[PDB]
Amino acid sequence: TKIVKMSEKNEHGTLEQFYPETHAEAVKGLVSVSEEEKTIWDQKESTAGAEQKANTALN
Amino acid sequence: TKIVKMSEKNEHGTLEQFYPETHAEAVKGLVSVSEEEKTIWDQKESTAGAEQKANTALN
Amino acid sequence: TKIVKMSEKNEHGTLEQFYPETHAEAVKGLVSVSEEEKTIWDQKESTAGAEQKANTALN
Amino acid sequence: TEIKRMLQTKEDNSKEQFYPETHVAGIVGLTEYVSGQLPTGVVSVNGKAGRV
Amino acid sequence: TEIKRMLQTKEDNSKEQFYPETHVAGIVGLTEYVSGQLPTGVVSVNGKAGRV
Amino acid sequence: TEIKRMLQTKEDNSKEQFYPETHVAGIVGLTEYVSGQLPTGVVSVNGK
Amino acid sequence: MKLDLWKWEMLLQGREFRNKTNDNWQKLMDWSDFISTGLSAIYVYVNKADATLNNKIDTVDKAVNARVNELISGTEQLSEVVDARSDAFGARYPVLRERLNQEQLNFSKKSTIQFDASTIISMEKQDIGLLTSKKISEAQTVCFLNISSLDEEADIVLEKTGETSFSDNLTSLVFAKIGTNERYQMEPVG
Amino acid sequence: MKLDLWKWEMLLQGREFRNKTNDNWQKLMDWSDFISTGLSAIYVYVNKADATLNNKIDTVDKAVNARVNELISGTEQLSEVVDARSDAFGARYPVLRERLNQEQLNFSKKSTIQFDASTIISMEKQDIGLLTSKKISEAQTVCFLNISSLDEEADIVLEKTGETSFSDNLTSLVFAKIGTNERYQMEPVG
Amino acid sequence: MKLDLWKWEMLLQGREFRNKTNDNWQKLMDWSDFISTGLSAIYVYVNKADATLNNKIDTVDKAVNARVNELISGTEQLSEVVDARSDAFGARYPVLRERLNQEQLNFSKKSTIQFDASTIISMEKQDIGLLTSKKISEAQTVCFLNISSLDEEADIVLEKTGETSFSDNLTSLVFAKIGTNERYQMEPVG
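Residue numbers (this note's numbering), protein chains in the order written: chain A, 1 to 59; chain B, 1001 to 1059; chain C, 2001 to 2059; chain D, 3001 to 3052; chain E, 4001 to 4052; chain F, 5001 to 5048; chain G, 6001 to 6190; chain H, 7001 to 7190; chain I, 8001 to 8190.
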């Protein structure tokens, strides 16, 4: 329940730090987007998307 | 720094990769959002509400 | 998949689980967030902004 | 009244937890546990349930 | 056939019964017993189940 | 992991199996097994 | 002292609100001082216990070596067999045969776990046997032997960082070592 | 557990503010209880280790004293080795060496049960482990040995008065003794 | 660090109020971290001191044993005993008493299993007991030792006829033998 920094003794005598490789499902409290959810997130509309509609209504 | 892959062997003797259990605080560069600020951008306006709002204002 | 809960022996003869320290690229299938695209899709076609634009177009 | 996990020594180096078999008459709180379970939907209709 | 009590010697002199760690896939008559669990709810009314 | 069954030498010669008695708190996934087998029948009658 | 803080069951934020909050602060300060004093007391207590243990060790060593020095230059031409009749818990026996007989009678009643199926049939009365029935994959937690934070010079050394709140329960515990040719391996990526 | 608290910087004095501050107080109380339990565990662990060391030195002293005493006041029988070749069951051996080797080979197969994770690491091939996971509350049933209904002289004497026509299963049986400085003790109030 | 909270000395519910209260919360958090670190250091220090004391008591009862052994060894001891000082595995030993004492120290640490409730009272520390609570009838799957179809052995010889689908699993195997005076016997009728 404590996050630690694991390191191993290198050939030069220095405790070189290494990064374990893991998976997104493994990490607890991840909170992830679903790519296709990310796709509809990005495509959505322009920042002024709800401005040309009002402009053409006025026109 | 250095990246390594965790593997373990079964009783036959063949290696297979296993994923250490991790928390989303030790990982570097996740930049999670809030698990709740996702929705306020998920809803937005999918080109349907804005156009009908413009039409209703027009009529 | 093969998810293990890494644990280590305590200083007083017990065992406690620890989370290691990994990297964003170390995780697999994490679909990261660029820390910038969130800003660009914060606005998109906002809902309150659409109502305000419709009201000001009517005005 | 403690729950102890039985450890057994494997062939090469390890010590893995193993489970012993139990009979349904062995667990001491099983019948109260299954009794305490409640159905999700309509428990009963007009005081009768099951094939209604 | 035979169900027994596991005693263990406590710290001072006591003989206290501990419990072992068991698995669902190891209990002998779990499936039949849980099929005989009292909560059943309403499976169907007049031949109609779910939304009625 | 693997599960074992504990035998014991009976009076004369027979190596007869005996069961250890345990507790509901000592079963790893009986809560999930029971919840999965929870009899979800009619969700509602006339919406109730 | 036992900590007993004041909750907030009041209705209006007023005099009682401030009074109870300030009393809670005072109680926290007092409890902190008490805990620090308790830690100091533990340190001095363990130090005194270790000191008296060391003194007892020294005096028993002196007495025992004096006994041995009495043995030397005294009795001469001792025999191994008569010396062998004294066990490791200071229980003398009349004859070495008596010692071996009592040791056999004490040790022959111990049990022997029998894992294999073939050796169960040839197991004695005070024995039990456990043979495999089925195997479950499950998710297991591993206690790496050569992985420790408190001890340096280990194969893998880890240093603590900010603990995360809330914790879980270990499941299907396993002991093993990590390294070359062990059960759990390591190799760089790329 | 890690002490986790709630900050206040948002400008609010409402219902959730009260709830989270009450939760802060509750978490403080729980952490205080945990710290006190840890302190008591420290004391118990230190006492147990020191008692083990004291017993170890006691057996050292007694064993060495007995050995020297036996050497001082011992004598070898005319036939001590030849007659010390028959075990408890009459199985005669040619030489003492063969008898001891066979006894060691027979006894080394016996098993041990290790209750501590520090000893599961130093296991044997035929050993079994009993590391503990949880502690359910339950309602114990005791089997007081000094309690008697037919002894007429026990420290507590029973005597029947009636029945109930009902009984229940005994859950988590415990063997102990009721009396002074024991697991279960009685104390008068009136 | 010594705890130092800021008691509420002003009634204004302003910005500095929240700032100082959050400071109090943060000070509680860091003091908790400090106390936990101190407790861990206490455990480590106790372990180190106990290890030093244990090494000292281990080494003190080796010089005395070496002295008495070099006194007794190699003076007049019999050929049989000096050949018996070598154990089964060939590890050479000092005078036979050392071999016996080390073997006793190793073997006495093993464990027995007590079946009768009368012997549960006389348990050792490392033993476990099996006390019957109730019996279940069910159905058995007895496995007969004196029944085999390898070539001709066992009093009953099995003949291969045919197989079916729908394989099943054993329940409560009851390793035992058939024949005369055994648990399962034979009786001819018709």
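Keep in mind the hints are simulated off the structure, nothing from the lab.
Any given hint could be a false lead.
[As the list claims (entries may be wrong)] Here's a subset of chain F near chain G, in silico, CB distances under 8 Å, partners left out:
1) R5005
2) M5006
3) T5009
4) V5024
5) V5028
[To be verified] Below 20 Å or equal to it, Euclidean Cα-Cα: the simulated DMTMM-like pairs (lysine to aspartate or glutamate) are:
6) I/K8177 x F/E5002
7) H/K7056 x G/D6030
8) D/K3004 x G/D6168
9) I/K8160 x I/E8124
10) H/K7109 x D/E3011
11) B/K1009 x G/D6168
12) I/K8125 x H/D7116
13) H/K7134 x H/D7033
14) G/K6020 x G/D6050
15) I/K8002 x I/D8033
16) H/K7002 x C/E2016
17) H/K7048 x H/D7058
18) G/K6109 x H/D7087
19) I/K8062 x I/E8076
20) H/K7048 x I/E8124
21) H/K7020 x H/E7009
22) B/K1002 x A/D42
23) G/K6002 x G/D6030
24) I/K8062 x H/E7070
25) D/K3010 x B/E1036
26) H/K7007 x H/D7030
[As the list claims (entries may be wrong)] Some chain E residues well away from chain H (every beta-carbon gap over 12 Å; in silico):
27) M4006
28) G4029
29) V4034
30) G4036
31) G4050
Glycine included, every Cβ here is placed at the ideal spot set by N, Cα and C.
Hints and how they fare:
Because the smallest distance between the Cβ of F/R5005 and any Cβ of chain G comes to about 5 Å, under 8 Å, the interface hint for this residue holds. Residue-level restraint check for F/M5006 holds (minimum Cβ-Cβ distance to chain G is 5 Å; threshold 8 Å). The beta carbon of F/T5009 is positioned within 8 Å of a beta carbon in chain G (closest approach about 5 Å), and the interface hint is therefore held. This hint is violated: F/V5024 has a C-beta 15 Å from the nearest C-beta of chain G, more than the 8 Å allowed.
With a least beta-carbon distance of about 7 Å to chain G, the hint placing F/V5028 at the interface is held under the 8 Å criterion. A C-alpha spacing of about 28 Å is found between I/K8177 and F/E5002, which places the hinted pair above 20 Å, so the restraint is violated. For a cut-off of 20 Å, the pair hint linking H/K7056 to G/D6030 is broken: about 42 Å separates their Cα positions. Taken as a hint, the D/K3004 and G/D6168 pair is honoured in the structure, with Cα atoms around 17 Å apart against an allowance of 20 Å.
Distance check on the hinted pair: I/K8160 and I/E8124 sit about 52 Å apart at the alpha-carbon level, beyond 20 Å; violated. This hinted pair checks out: H/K7109 and D/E3011 have alpha carbons roughly 16 Å apart, not beyond 20 Å. Between B/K1009 and G/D6168, the direct Cα distance comes to roughly 26 Å. Violation of the 20 Å bound is thereby established for this hinted pair. Distance hint between I/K8125 and H/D7116 is fulfilled; the C-alpha atoms sit about 13 Å from each other, no more than 20 Å.
Between H/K7134 and H/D7033, the direct Cα distance comes to roughly 19 Å. Compliance with the 20 Å bound is thereby established for this hinted pair. As the CA atoms of G/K6020 and G/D6050 are separated by approximately 45 Å, the hinted pair breaks the 20 Å bound. Restraint check for I/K8002 and I/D8033: satisfied, since their Cα atoms lie roughly 13 Å apart, inside the 20 Å limit. Between H/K7002 and C/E2016, the direct Cα distance comes to roughly 14 Å. Compliance with the 20 Å bound is thereby established for this hinted pair.
Proposed proximity of H/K7048 and H/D7058 is supported: the alpha carbons are some 15 Å apart, at most 20 Å. Of the supplied pair hints, the one linking G/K6109 and H/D7087 holds, its CA atoms being roughly 15 Å apart against a limit of 20 Å. Our distance criterion of 20 Å between C-alpha atoms is broken by I/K8062 and I/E8076, whose separation comes to about 23 Å. For the proposed pair H/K7048 and I/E8124, the alpha carbon gap of about 18 Å is at most 20 Å, so the pair holds.
A threshold of 20 Å between alpha carbons decides the hint, and for H/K7020 with H/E7009 the separation of about 13 Å falls inside it, so the pair holds. Under the criterion of a C-alpha separation no larger than 20 Å, the hint pairing B/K1002 with A/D42 is inconsistent with the structure, at around 34 Å. Of the supplied pair hints, the one linking G/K6002 and G/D6030 holds, its CA atoms being roughly 10 Å apart against a limit of 20 Å. For the hint pairing I/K8062 with H/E7070, the CA-to-CA distance comes to about 19 Å; that is within 20 Å, so the pair holds.
The suggested pairing of D/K3010 with B/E1036 is violated, with an alpha-carbon distance near 47 Å, which exceeds 20 Å. Taken as a hint, the H/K7007 and H/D7030 pair is honoured in the structure, with Cα atoms around 18 Å apart against an allowance of 20 Å. The non-interface label for E/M4006 is inconsistent with chain H: the shortest C-beta to C-beta separation is roughly 9 Å, within 12 Å. No Cβ of chain H comes within 12 Å of the Cβ of E/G4029; the nearest lies about 18 Å off, and the non-interface call holds.
Its beta-carbon lying about 21 Å from the closest one in chain H, E/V4034 satisfies the requirement of being farther than 12 Å from that chain. For E/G4036, the non-interface assignment is confirmed: its Cβ lies about 20 Å from the closest Cβ of chain H, beyond the 12 Å cut-off. Distance to chain H confirms E/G4050 as a non-interface residue, since its nearest Cβ pair spans about 39 Å, more than 12 Å.
When each numbered hint is compared with the structure, violations occur for hints 4, 6, 7, 9, 11, 14, 19, 22, 25 and 27.
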